[PDB]
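With one protein chain withheld, the remaining protein chains of the complex are depicted in position.
Letters A, B, C, D and E name the chains as they come in the text, with residue numbers starting at 1 for each one.
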Amino acid sequence: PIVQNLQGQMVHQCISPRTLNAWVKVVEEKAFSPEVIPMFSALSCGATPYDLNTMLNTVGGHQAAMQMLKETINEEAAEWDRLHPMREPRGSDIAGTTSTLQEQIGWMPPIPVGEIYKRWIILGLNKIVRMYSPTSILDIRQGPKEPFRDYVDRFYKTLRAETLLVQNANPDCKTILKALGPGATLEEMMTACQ
Amino acid sequence: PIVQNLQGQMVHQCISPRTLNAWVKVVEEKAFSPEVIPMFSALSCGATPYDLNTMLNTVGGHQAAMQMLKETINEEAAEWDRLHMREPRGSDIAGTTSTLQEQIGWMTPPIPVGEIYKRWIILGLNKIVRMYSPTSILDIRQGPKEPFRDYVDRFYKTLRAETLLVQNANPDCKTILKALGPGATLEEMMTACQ
Amino acid sequence: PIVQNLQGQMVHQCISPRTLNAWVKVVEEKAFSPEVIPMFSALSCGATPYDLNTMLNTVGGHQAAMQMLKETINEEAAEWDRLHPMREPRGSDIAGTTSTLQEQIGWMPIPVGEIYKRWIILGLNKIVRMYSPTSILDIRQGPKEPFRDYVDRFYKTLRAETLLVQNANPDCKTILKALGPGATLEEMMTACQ
Amino acid sequence: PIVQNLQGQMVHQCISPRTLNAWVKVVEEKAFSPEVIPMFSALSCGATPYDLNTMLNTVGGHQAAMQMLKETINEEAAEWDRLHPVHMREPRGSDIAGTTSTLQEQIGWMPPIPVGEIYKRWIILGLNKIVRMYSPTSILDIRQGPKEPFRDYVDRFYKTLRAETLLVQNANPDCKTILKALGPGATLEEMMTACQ
Amino acid sequence: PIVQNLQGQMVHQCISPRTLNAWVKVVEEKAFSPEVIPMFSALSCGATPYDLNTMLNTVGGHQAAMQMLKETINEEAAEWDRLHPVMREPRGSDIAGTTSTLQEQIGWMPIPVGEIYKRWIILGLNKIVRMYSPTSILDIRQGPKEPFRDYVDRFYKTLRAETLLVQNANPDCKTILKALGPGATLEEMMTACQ
Partner (left out) sequence: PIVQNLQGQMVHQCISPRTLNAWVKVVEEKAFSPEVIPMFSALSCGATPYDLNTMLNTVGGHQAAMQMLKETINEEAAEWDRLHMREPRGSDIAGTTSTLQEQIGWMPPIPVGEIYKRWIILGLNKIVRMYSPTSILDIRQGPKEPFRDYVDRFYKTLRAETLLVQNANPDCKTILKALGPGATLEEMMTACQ
């Protein structure tokens, strides 16, 4: 993070141990579930590229995904270098590889290199989540005795990682969902099959 | 949340990791019990629409309920658009088409877009709790050997999610409850059947 | 709680997550043991009526007791309305039902937070006395039960709600009577050790 | 505790949830082991009589010991009333204990009158009497076993002595022969090293 | 760490119990996995040589590795003594924290004796991790039924402690990886063998 000290000068404060421990445990528990992305953006709130690299490097496993994340960052870094031919921050400076912590603080017209690099990380993380999703949306079909509440929970869970809701329901609930007709809210659909 | 910095300027402070972890665990534990609503309003105390979206996005499961919550927010947003620095529209209060600085601008006539959007969330969450309630208040009936204390605990628990208390009691306690007559407090009714 | 900000103005600070989590777990663990009342008064230190309602609403189960607590608060609110016919805080304003957070801070000088806390502790004591399983008359020392444990059970029941010597076993009762009048509890436990 | 606000005024700050939870769990775990007394004085650091009553009231069980503690507080309160006859008002014994005194009065007395440290002295005094009573074994019965290592026997010896020549007397004949050969003026380091 | 007090003087603040407890537990859990190095640099943020020795001394086991770390520090200290022949000038032993007081270390911090000594520790820790790695990169071969995702997870995990990825794959996936040809990203390679 960044803080203005007593003398009014903007200095970098150290990332808290609670933040570091939280980000490590959520990846150990949730791996790459869709809810990991908002937690990262929340835990990395107001972070510098130096701090963002600290949180990513502390991740232990999933080195296949972390290698793919590096490739996506290099692709966005080359795009920044193309669109854009105190010094001007290049793509490698935003990622935090060829830029000091004071330079990153210096750029923060104010250049938010922390939010720009976080945009590249979240963009690369979304691609990993879509890949590591086990089931596709077409295979999510309600069982015979499965409650409609659970089937919709599985349906939109898959859809978050990646008409049709009524098509994959069982014939007992599908008969009820079609009778509701068009313009039925999800509240009315779950209440009808309860 | 919002904080006045050393320079006197209102800046957005990052939501604490304890708040984020607390809100995630309570939803994992309590799902959608009625006591989840007061915990959300407590943990999201003084939050901006940007912060409220962060806490909702970190929720992992229950994507069926979160989709219903989005629909309820869009309905309340359209009502705000009908009844009504730029003026905050319904999508600006929800946090979709408004920056974090704009949301801070309206809060610090002061427009409490955080409390307005929180009112819509609590309104939408109450509808989910009433749906996910398993038993109806008419089906809560005291067993033969069930203590009256436990039956009343189950009675008002269901009533919180959604004369009659005496009607559903067992004939042993019901004989005692009628003898008390009208104007009997709950203290006297539980004391009589102990 | 309440805090004075940098500008000197009294603003409401948000109740900490540790306080909220603590109050939830103690009610889950201890239910309504007598030691829950001092914990509530401790965790709700310097709280506003808005904060007191927040801690009570977070309680999950025990809705029978929470319904009785509401009735006791309404009774104390009506008594405040009778004794007492920026606006004047009525009984419903102190409880936090018909009063904003700024009004409650405004009255705080009227300590609407401590007054409403007095009604809650008053209503909670009535719940603890009801949920106490045993009566003080039934607490009797067993034949082989140590006197230390029997006194632990005796004053535990007495906290929820001469006689100590009467309910003791004939082995310890003979010793306790021999001490005579004016015997401290230290001397009574030391004699039957 | 007490804290000076931004405006320079002495206000009472609320006892932290960590302190309250710590004091509750240590009594649940350790009951009344001698190490509970220094933990109480540490957790109740800079506390007012109002705060000290809060920590004692949060104790769940051991109501027999808490009843004896109240009697010891009343005994020390009567002694304070005698040594200081009651004529900012002068704090009497009941004011120091926190029964007949408001939180502002207790802060007011803090010549500065440390009513918080005085009442804490009475509590620690009363708690020591409970620890000495609840001690199971007496120092005379702590005897080393045949195969018990001397390190463990000394651990049990001074543990009992904390709740309440002789160390050599109660040792087994194998270690006692070695301890007497060392003679007088032997440190505990040399006594434990000799029987290792 | 170092802090400027109210009087403007730079004083050493005590390392937090959370930081010390975190560093102890991560070494007990992870031993010397590659992700321990970024955690050390994160927990020891802005630390003095006195603080760095405190964190290293609190490590209980692994005294063989800690003895190797001391030798690597002595080697880097001798190199500093050579490049810099001897407020006094900080020699190699002063940077390590053996022959220098806490006030002298604060005094030099501008000479970043904390970051210099941390560079030697991370340098020595990398050598320990490379040694304690069990398998070599040449022995990481995909099993017959092992999913490609897991094999790549093991591949880059070993490579982090220490063409070839396609060579060690099973003939079923190797046939697919060669068909992709040159210039294939890791995203395309994992998607092809899913």
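General observations
In this text, contacts are C-beta pairs under 8 Å (C-beta built on N, C-alpha and C of every residue); 3 or more make two chains touch, one makes a residue touch a chain.
The omitted chain makes contact with just one of the residues E:6, E:83 or E:87: E:6.
When you scan D:28, D:35 or D:174 for touch with the missing chain, the hit is D:35. Mapped onto chain D, the interface with the missing chain covers residues 1, 4, 8, 16, 18-19, 22, 30, 33-35, 38-39, 41-43, 45-46, 151, 154-155, 157-159, 161-162, 187-189, 192-193, 196.
Although one chain is not displayed, its contacts with chain E can still be listed: residues 5-7, 14-15, 17-18, 20-21, 54, 57-64, 66-68, 71-72, 127, 131-132.
Please note the rule applied: only the chains that are shown with their structure count from here on.
Averaged C-alpha coordinates give centres for chain A and chain E that are 27 Å from one another.
Mean C-alpha positions place chain C and chain E at a centre distance of 53 Å. Of all residues in chain E, none touches 2 or more other chains.
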